[PDB]
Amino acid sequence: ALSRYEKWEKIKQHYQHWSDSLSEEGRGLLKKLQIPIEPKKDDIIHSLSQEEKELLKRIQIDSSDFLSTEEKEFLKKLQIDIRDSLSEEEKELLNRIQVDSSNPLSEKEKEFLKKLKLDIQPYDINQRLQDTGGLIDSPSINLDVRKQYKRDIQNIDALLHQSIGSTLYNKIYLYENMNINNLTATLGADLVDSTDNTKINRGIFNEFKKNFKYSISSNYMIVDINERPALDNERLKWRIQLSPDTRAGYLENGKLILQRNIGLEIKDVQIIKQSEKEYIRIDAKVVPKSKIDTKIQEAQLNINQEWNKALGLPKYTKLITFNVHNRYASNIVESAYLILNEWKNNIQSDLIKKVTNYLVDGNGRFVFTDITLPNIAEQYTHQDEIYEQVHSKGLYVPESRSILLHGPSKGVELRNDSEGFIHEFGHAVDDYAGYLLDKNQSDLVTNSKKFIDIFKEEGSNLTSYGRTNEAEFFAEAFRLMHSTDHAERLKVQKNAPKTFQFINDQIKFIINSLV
C-alpha cells in the first residue's frame, strides 16, 4: 500500500507556492465555485402579492412541462416556507388533494410559474458551465448575471496556470464519486438491480459500458487525491490519470480543481466490490479536448452520409447535429444512431421521407445534445423571452423546423429516448399537414376547425399529458400509434376513434403530396 497521506503531502507541496500566492479575491472566487449562492427564499416570498402567495401555496409543481429539475426542486422548498404558517389540517388537506393530481396546470398557474423562474436562479459557475457546455453567451439568463459569470470564469482560468508536471502525472490517480443520474437519468433508475440494491444489473451495465468510450468536462472538475467511500446515491467511482500539462489547483482537505475543457478517454469499465456493495469503476485518461471533438465531428459527418443516402437527400445536407460537451459524450453520439433506427423501423418510409424534406427546406435540424434546450440556438434565436424558453427531454421548434433531444434527462411517461423522438416527429407531421392544407397561411393542422372539436371530446381518453392541448394530444396519439408494443396501437383505435381516423388521414394526405 502506497500511503494516502504521503501522496497528499507531495501534491500539496507541488502547489504550495501557488496556494501561498493566491490573493484573497482569488480565494473568494475558488470558494464561490465550490459553494454556489442560493436564492433568498424570504425575499422571494416577501415580493409576492397576497394572490400570488395563495396560488403558490396550492399549486402542484411537478405538473409543469418546462421547468428544469433544479428549478422544480427549489420551488418545492419554496412551497414549504409558504405553508409553514398554517393549521395542521390545512397542511394535511393541501397534501390530500395530491394523490389523483396528475393533471395539467391552469393557465393562470403556468403563466405565473413561467415568470417566477427568472427569480429563482442560483449563482453557480460550474452549473452554468455544464448547462451551456462552455458557451456562456447563450441568452438563457439575465444579461448582467451573464457578464458576471464571464468575468469569474475568465479569472478562474487565469488562477489555474500550473500544470501537474512530468514527474507526478504517472505516479498518481485522482478519484471522483458520482451519482449515475448525473450522466443518464434513464439508465440511472434501472442500473441498480431491484431484487437487491447492493448488486449491479448486468444487462444495463453491458449497455452502459457498450459505447462509453469518451467524456468531456466543460466545467471545473473537483477531484479527490485519495478515494473517498461512496455515499448513498454514489455508485460511480472514477479513477483518473492526468496528462503532464493538465493544469490544476490544490483545494483544502486533499482536493484538486482541474481546468475546464478537457477530454477523457475511457480506458476501462468494471464492476467492483467495496464492503458488500457493487460499484462501477471507471478508468479514464485525460487527453486534449480537441482530440475528442475531432471524433465527434467525424461521427456527425458519417451519420449524415449514412442518412442522406437512405432518405434520398443531397449528399451534403447538414441534417443531424451533435451538440455535445459533457461527461457522457460518446453515449449521446451512439444513442442517436439507435434512435434514428427505431424511427425508421416504426414509421412508413414515405411519411418519413416527405416530412424530412420539408424540414430540410426550412434549414431544419435533428439536434442531439447534452446541454440544456434553452441553450440550443434552434430554440433561443426564436425565443427571446427567458420566461418562454423550455427545459425538457424533447422539443419541436416550428420557426427553425428542428427537433431537439436532450440525452441526460428522463422523460415522464417515456420508456426510452426513441419514444420521445417519435412524439417530436409527431409535432413536425402536424406542422407539414397544416402547411399542405394552406401554403400561404402556414398554420398547425391541430389548429383546424375539425381537430379542435375532436380534442374537445376525446382529449381525455389517452395519456395524462395528452390532456394539455391540441398540439400535445395529437403528438401523443401519434406516438402511441407507432409504438413497438402492439397493444398500444389498438388502445388508440378503441379509446379515441376519431383521432385515430384523423391522423391516418393526414398521413395519407402527406404521402399523397408530390412533384
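Basically, rigid core = biggest C-alpha set you can superpose within 1.5 Å across the two forms. Numbering follows the first chain given and starts at 1. What changes on going to the form deposited in another entry:
- Considering the chain as two rigid segments that shift between these two forms, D124 sits in the same segment as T317, judged by which superposition fits each C-alpha better.
- Each of the two rigid parts keeps its shape between these two forms, while the smaller one turns against the larger by 21°, per C-alpha superposition.
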Second form
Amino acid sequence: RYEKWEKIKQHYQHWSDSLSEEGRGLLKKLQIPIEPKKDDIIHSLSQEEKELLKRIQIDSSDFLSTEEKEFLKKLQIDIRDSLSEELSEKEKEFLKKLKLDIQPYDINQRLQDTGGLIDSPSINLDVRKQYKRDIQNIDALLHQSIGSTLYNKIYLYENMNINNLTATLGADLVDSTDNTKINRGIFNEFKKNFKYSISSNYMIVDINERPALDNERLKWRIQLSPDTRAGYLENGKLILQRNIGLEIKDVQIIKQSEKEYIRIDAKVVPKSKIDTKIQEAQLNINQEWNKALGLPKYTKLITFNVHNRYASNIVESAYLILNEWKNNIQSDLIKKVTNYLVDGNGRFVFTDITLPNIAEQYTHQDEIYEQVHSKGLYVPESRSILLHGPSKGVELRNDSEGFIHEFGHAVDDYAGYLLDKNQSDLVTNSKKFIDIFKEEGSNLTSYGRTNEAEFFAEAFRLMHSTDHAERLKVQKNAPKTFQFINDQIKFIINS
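In place of the form deposited in one PDB entry, the structure of the form deposited in another entry is requested.
A lone chain is what you will see next.
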C-alpha cells in the first residue's frame, strides 16, 4: 500500500523543493475551496435586507440547492432581533442575487461547471478573472510529466459519487433491498455506452487505492501516459494536469469489505483524440436527423458541448432522447416547429457543463442572477433546446421527457409567433391562456403552477406521455388547457 510513495516523491523532489510559497498556497486553495463566512455575508447586508432574509421561508424556494438552503438558514439564526432567544416576488429576486455571493471559491468546480470555458459570463467579472489567473498559474506549476520511468509502474486511484456522472441512474444504482449490493440492471445501463471520458479540471488521485467515503460506489483505476503532467501533494497523492482524455478500458462490479463497488479502469490519452470522436458523432447525428426531419442537408441543428467525465454517454443518449421524441410527438407538429427553430439558427444542445455556460443561454442573459441551471431549458432568443446530462430533474423520470417539455416551450413560441410574426411573443402570454392558467394552473404537476409557460409545457409533456393514463388525466383535470394545446397544434400544422 505504501511501497510506491517514495519513488514518486523522489521523482518530484526537485519540483517540490522549487515550489514558491505562492505556488504552495495555490495548490492548497485548489484542494480546499474557500467557503463563504457567515458574518461577512451578514454584515454586507442592509438593515432592510437583514429583516427581509429573516422573514423568508428559505426551504420553500425551488432554485436554491440543499447546500445553499442550509447556509442561508444558518444566517437567519445568527441574525438577531427582538424575538431572538437570550415564495414572494420580492423575496425570490433577493435570493437569486444573494445566491451568487454565497458560492465558495472552488477552482476545480469552476473548471468542471464551465468545461474549461472559463471566460463564460456565468459569474461576476472580478471572481471570473481571479479564476483565470489561478488556473493559468496552476497550469504553469504542473509542468513535470510522470515520465517513461514511472508511467507504467503505478496506478492512480479515485473514488467518485455516481451522481457526478449521472444522477438519474444514480438514484437506483444501489440495491434498495440491500445497500451492500449494486443493482445489476442499473449497472448495465451505466456501463453500456461508457467508452471515453474527459477531465476538464485537476484530478486529485492516489498512488494506492483508498476506502470509499459517503456515497461513493465508483472506484477509478487509472494509468497515465508518459507525457501526462502532474504534481506530488505528499501522502501518496498526485494532482494531474487538466484537459486530459480517458479511454474506458473496463467497467466491472467488485467486492470490497463485503460491499459491492464499481471498478472503472481507464487509460489516459490525448484529449484531442476524444474530441475528434465527439465531432464525428455530431457530424453523424446531424446527417442522420436532417434526413429524417426532411431538413436541408447542410443544416446544423444538433450540437455536442461535452467536456466532462461521462462524455461518451452524453453523446450516445442524444440518439435515444431524440428517438423517443420522434416516437411520442406527431411528425407534422415536429417538422413545423423544428423548421421554425432552424430558421432562427436554433440548436439542440446536449451537454455536461452547467447551462449558464451554454452560449445559447448566456448570450441572451446578461443578468447572472437570471441565469438558470437545470436538466433542461428552452431559450426563445436563440430558439434552442438545452439538455444537461448528469443532473436529475426534480419530479422528472428521464431525459426524453425533459426534452419533450422543452419542445413544449418551443411549441408555445411558434404558436404565439404565428399570431403575430413581427411583434412576436409566446402564446402563453396572451390573455386567453393567462385566464386558463389562473383557473386550471394548480390541477396538474406542482411545478406546473409556477407560471403560464411552465404550465403549458407540463401539460404538453403529459399529453405526450407513453402512459395512456396520464394523457386522460390531463384532459380530465385540465380540460381547457388540453383543448387549448390541441388548438395550437392544429393552428401550427395548418400554418
